[PDB]
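**Student:** Residue strings, one per chain:
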Amino acid sequence: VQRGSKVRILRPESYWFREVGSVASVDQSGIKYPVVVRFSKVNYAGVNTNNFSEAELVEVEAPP
Amino acid sequence: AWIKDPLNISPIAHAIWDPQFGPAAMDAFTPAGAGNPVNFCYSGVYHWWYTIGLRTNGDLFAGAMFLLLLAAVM
Amino acid sequence: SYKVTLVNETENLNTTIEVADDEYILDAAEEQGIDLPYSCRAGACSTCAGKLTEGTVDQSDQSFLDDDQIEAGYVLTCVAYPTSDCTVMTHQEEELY
Amino acid sequence: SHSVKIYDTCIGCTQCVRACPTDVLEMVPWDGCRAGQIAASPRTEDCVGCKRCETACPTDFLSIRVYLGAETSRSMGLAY
Amino acid sequence: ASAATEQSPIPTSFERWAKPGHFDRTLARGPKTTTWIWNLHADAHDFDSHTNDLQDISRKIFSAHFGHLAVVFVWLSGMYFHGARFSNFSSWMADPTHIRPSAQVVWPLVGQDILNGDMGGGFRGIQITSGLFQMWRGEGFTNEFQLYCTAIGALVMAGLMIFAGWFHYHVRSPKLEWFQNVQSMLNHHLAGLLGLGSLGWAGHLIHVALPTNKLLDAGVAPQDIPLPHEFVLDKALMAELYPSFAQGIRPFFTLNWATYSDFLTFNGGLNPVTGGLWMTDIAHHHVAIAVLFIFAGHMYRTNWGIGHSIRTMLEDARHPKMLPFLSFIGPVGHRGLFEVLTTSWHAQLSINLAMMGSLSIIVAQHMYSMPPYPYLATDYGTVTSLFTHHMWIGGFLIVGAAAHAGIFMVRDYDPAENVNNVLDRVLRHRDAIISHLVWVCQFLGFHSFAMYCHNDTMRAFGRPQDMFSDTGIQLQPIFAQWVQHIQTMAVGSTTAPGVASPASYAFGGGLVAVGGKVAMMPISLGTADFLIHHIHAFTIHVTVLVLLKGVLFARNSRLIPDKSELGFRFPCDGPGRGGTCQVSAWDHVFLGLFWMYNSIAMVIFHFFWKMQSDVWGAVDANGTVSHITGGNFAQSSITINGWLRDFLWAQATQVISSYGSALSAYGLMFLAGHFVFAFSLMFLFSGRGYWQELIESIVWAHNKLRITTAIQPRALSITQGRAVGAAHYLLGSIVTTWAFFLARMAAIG
Amino acid sequence: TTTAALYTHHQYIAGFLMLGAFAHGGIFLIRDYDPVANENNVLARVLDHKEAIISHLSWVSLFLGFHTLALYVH
Amino acid sequence: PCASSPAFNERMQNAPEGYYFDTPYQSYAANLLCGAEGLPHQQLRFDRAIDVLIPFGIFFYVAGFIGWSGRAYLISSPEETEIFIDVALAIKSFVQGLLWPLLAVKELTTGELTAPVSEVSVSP
Amino acid sequence: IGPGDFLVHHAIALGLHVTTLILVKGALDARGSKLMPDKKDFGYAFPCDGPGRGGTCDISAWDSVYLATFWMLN
Amino acid sequence: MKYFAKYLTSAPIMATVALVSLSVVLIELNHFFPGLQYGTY
Ligand code: CLA
Ligand code: CLA
Ligand SMILES: CC1=C(C/C=C(\C)CCC[C@H](C)CCC[C@H](C)CCCC(C)C)C(=O)c2ccccc2C1=O
Ligand code: SF4
Ligand code: SF4
Ligand code: FES
Ligand SMILES: [Cl-]
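Residue numbers (this note's numbering), protein chains in the order written: chain A, 1 to 64; chain B, 1 to 74; chain C, 1 to 97; chain D, 1 to 80; chain E, 1 to 749; chain F, 1 to 74; chain G, 1 to 124; chain H, 1 to 74; chain I, 1 to 41.
Pulled out of the complex, with its shape left as it was, chain A reads as follows:
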């Protein structure tokens, strides 16, 4: 997973569970949730992006 890859969310408590969002930037600082995923569909609080781990993402489109 790196910038541009479309990913499906595997987090049950996420608003975008089983939804495809684009990776914005991956942090190489060794933090727990480094991947920033951005969504075309906003959540209830008014937020369209979130930090996920790599273990709760499934790549569905390699970046072109």
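Since the hints were derived computationally from the structure, they do not count as laboratory data.
Possibly wrong hints are sitting among the right ones.
As the list claims (entries may be wrong) - Calculated cross-link-like contacts (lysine-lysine; reagent style PhoX-like; alpha-carbon spacing at most 20 Å): (1) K704(E) x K106(G); (2) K106(G) x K92(G); (3) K6(I) x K19(E).
Following the hints, put chains B, C, D, E, F, G, H and I with the ligands in place on chain A, whose structure we already have.
**Tutor:** Structure of chains B, C, D, E, F, G, H and I with the ligands alone, referenced to chain A:
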């Protein structure tokens, strides 16, 4: 009094003892065959007790005392 | 093609970096060897508040700045859209509150 | 008192701390996110339960949860 | 140019129409969810949020006022056109006692022309209850061409009003110094709007209305009457009617005013022919109040030294310059209130809405008892509709007054501006105000309604000697009975020797009956009237409690000390502190809308039943009055059961038995109002999270069919669900009463 | 009156009992439901597709309501 | 039948004529089924099979037209086309929406009318 | 039974279906939904989850039995 | 008048024209037999 004519007699639930009634309400809640204000029973227990054998007030009192003692047993 | 100049008193320097129309300044700043404060990258905090000295940015996705606070020049550099270039202040979260 | 729990999806944006009307929350060093901060709730005996901290949280789902618990005279917000 | 105060920008652009939300910064973001759609119409007119300059807001308000005046002129044009094309006005002009006013015909579509009822004279239409015919008869109209001319004039005025609003914003808009000239505005409105307006209407009455009405009452047919300009043109024709017009305008300048005492009468009763007030007495009224209002308009210093300055009068009303018992308002008094009222539009709107609603209620209470138009009091549907309509308008306006008193608090109130003055000192003891209002509401609720419950229990027990009746424990309103006696003694041939009749026959005096039916007669006040007036006092007081509580605690309270930071319209502050649901001032306007409903509904019910059982009826040849429900207010309106049986169950005979008749639309609207009332309770009892979680399943079912939409479907917000529930409750519950009143009065007269 | 009262009595008791059935079905899923003891069985299988059940109850409700109300209003 | 119904003629020969009872009481009485109250009752039999098809089946076409015009307009979209209805794409989804009956069976077999279980958001 | 029976049976069908909708929705969303994923940690009866996320009034499973009592009564 | 056409394509304007255009069946329910039962067409 109701088992003699269960079509033209209204079953009675119990008696009224509201001291706040005027005599116009004491008269209104007193039927033809009663000497006190009463409530007309609409629970159907008269029909049920008449269909299962109960014929007298002594039968009803015996059943009530049995159920009092059965509640004590429970 | 746009040119954004980030000014920071701490670093005491004005480095310019071109940013694409459809691209966040902070996101474009990461792909140009430049460090900036950022926490949520969603427009729901004030960690990347950059006062606008001149120019105009497209921050329609931002959802935290106040009407009177956005008139001062503050603009979340995390969910901002570089329309041109001009210049913008960095690390201005202490001036917000 | 209410229970205010902070989870490791916290990003140290401080917005929960700034939104608290009763000063329950503060920031502590973490090195578990790149801000280096995480919220904490020591003065949770002061918590009224307004959940302004939860409204201020940007993470999905919330990195801060308030569980309304035993009511005291402080959590009921009583000046009498 | 003439006062050097305009030069406004905001060029008339068209592109700015295909970008909704252009006024708000977050509204012009990009929709995203559905809450944006509802947010578009939730603060569309709130010009205070849009910008920050007071001058731009004032300019916008001025042009919005002009556009509103244009809308009202379009409505007036429509009413005059309906009276000039789809009405039986001429037929009613011929016989206004046997013909039913009608100004609306229904097209012959599906089952639909049954609503066209026979109105007398072969006219198949809908019986209007707006009082337009009775108003046009009193103004001086005789034929429909004059109504058509008035309609065209009102349409021209509407076009002129939408040009004045575009010219005073897009071409030459005023400066803020012009809007802040409250001295000049008060002078002109008091002398030029009210004073000259009533003077011009007195001129109209003296030269058009009084002639036409005098000939109409004499017996002349409506098209046998001369047109108004002949009354104006030749003085011989006008001197036949009045012998004081032979001396022209000479006795006025030489101060011989009793010469004019035959068209400026001071009778003070009702015309026996029509039933309305004495037309000469009306003209004399308008002359006197023109002289009073014009004289009142020379009070405030404008550009010439003489006058008052309202700022000086406000700043001097303070201790130790007050009456000694009124000296509790301290040494600042009303010092910062001239700057409150000349810089806050919401403060002005709050005062003006309170006065406008109160004055609409005063209009309602003065036009049933002193019927001011010919053949008005005998058309009971019109009397009912006018009283009821003006009570509802007054109540809504009064609720909006509290709404804007709360918007002033959260937004326009400045603590540093007004320190230790009356506004600061009210906010500084509001616990005393609110707790004493709580106690008086409780005292009034026990001593009005629980007495009705006492009466129900005593009547069901069969002990009516124990009741609060006129035959049981009497509760005579001795003070109002004494005022009624003073009013009928005053008018003797005393304390008002000039008047012949009582100011209304409602106080005392005699009986005016017109066309067999009663125009007006004394309204006796007994124990039932005591009880229902205390119901009115109780309901008005709880409405005041609900509304004033939100105004006084709009800034902060003991619960939430920073409520002004949360806004004026916010749902809550979470489930903490026990749960702070509906703490905003807006939620108090929400809860006071219900209490204004409950207050005005009982007022209109009291009016309907009391007037229908103790005034309205049918006088026979001898003089005996057979009232409509038969004088059953004095014994049935003292229990709740008699209100449900002898008023609601009995008088709704005409609205539910209306199917198949011409009043069937009223039965349909009666059921429709019940539907909308019940449908409101879905929004009022339920909460937002249920509906958002059910929309989740519906969105899942949509995603599975690939019928997903970009605008994300969200449940109505908390305060929006409250607003929707309140609007539906009010609409259905008022449409129900409207259908009940109008079907009843269109069937039994 | 006895017949009417008895029918209405038992139908309201039955509606309340049916309301409490679903109340304690919810309280079970809150308090006692074990997602691992009930792994991929019928109960956990109806919890999985619960949006289909809720949307189809919603469709039946909407169809019935629109048609019945519109027929009555016509 | 309504023609031979003895109670249906007391609303025949005593009613307003107009143009809502004169050109409607006929065709109705010729081809309806009344009971005992003189009221047409909508029956569901073999004679109604070619009678109830024109309310039932012809409503299904227009309802599916609306539902497929609302679909084909909304797959080709992005939050400004719901506010400001793009009349060109609306006409494009109306022209295809006319013969939506065929297109609907050309989606179920191809598997592009239903979405996968893992490509649709769910809840805990 | 006649035509007036068909409509009221469809009204009874509507009523049972909407009451079942409310109760089934609140039982199946008792453990959590998309608006409140961890709803099982807050219990069966709890007021709300505050005014965040648009507002969460009547979000608990107890509030479904609350909202369906009106529909059962109707 | 560039965005005057766009404002006439807005949701409320399309809504009002759609309701009046589908609801103009006044002329369809008056032209032939203003009462049309299920079994009569
Ligand atoms: C001020 C008004 C008032 C008051 C105080 C009363 C008082 C009384 N009435 Mg009366 N009534 C009234 C108005 C009033 N009435 C009117 C206006 C009428 C019309 C004329 C009547 C007609 C009437 C009739 C026909 C009867 C009465 C009776 C009674 C007595 C019943 C209480 C009792 O003795 O046993 C004590 C029991 C209680 C106080 C129980 C109530 C307390 C709890 C809260 C309810 C029960 C618990 C629980 C919640 C309910 C069970 C579960 C439930 C969910 C099913 C009582 C003295 C009855 C009687 O005479 O009894 C011998 C009788 O049959 N009244
Ligand atoms: C019939 C229904 C009903 C009743 C009885 C009430 C009663 C009350 N409302 Mg209320 N309200 C209602 C409907 C009702 N409301 C609805 C439908 C709404 C929807 C918007 C509201 C919204 C509302 C608001 C916003 C407010 C109230 C307030 C009040 C209180 C007013 C003070 C008072 O009257 O003292 C007298 C008490 C009564 C009239 C209650 C009945 C008392 C009976 C007649 C006597 C009982 C005898 C004896 C004590 C019984 C003892 C028996 C023993 C066994 C217990 C009062 C308790 C206001 C308040 O708090 O005032 C201070 C307040 O601000 N209401
Ligand atoms: C029913 C209900 C809802 C649901 C109501 C909603 C979502 C609004 C219903 C309006 C519908 C969805 C109309 C919108 C449809 C489109 C505009 C399309 C209409 C078609 C025309 C263009 C012809 C709430 O959100 C709510 C919130 C808080 C308290 C109580 C309640 C409440 O009772
Ligand atoms: S608001 Fe949320 S993400 Fe930000 S510091 Fe507080 S708990 Fe962490
Ligand atoms: S129930 Fe609703 S209004 Fe009340 S505190 Fe909770 S979110 Fe706020
Ligand atoms: S990094 Fe949080 S809003 Fe910018
Ligand atoms: Cl009674």
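**Student:** It remains to establish, for every hint, whether it holds in the given structure.
**Tutor:** Consistency of the hints with the structure:
no. : hint              : verdict
1   : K704(E) x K106(G) : holds, 17 Å
2   : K106(G) x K92(G)  : holds, 18 Å
3   : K6(I) x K19(E)    : holds, 9 Å
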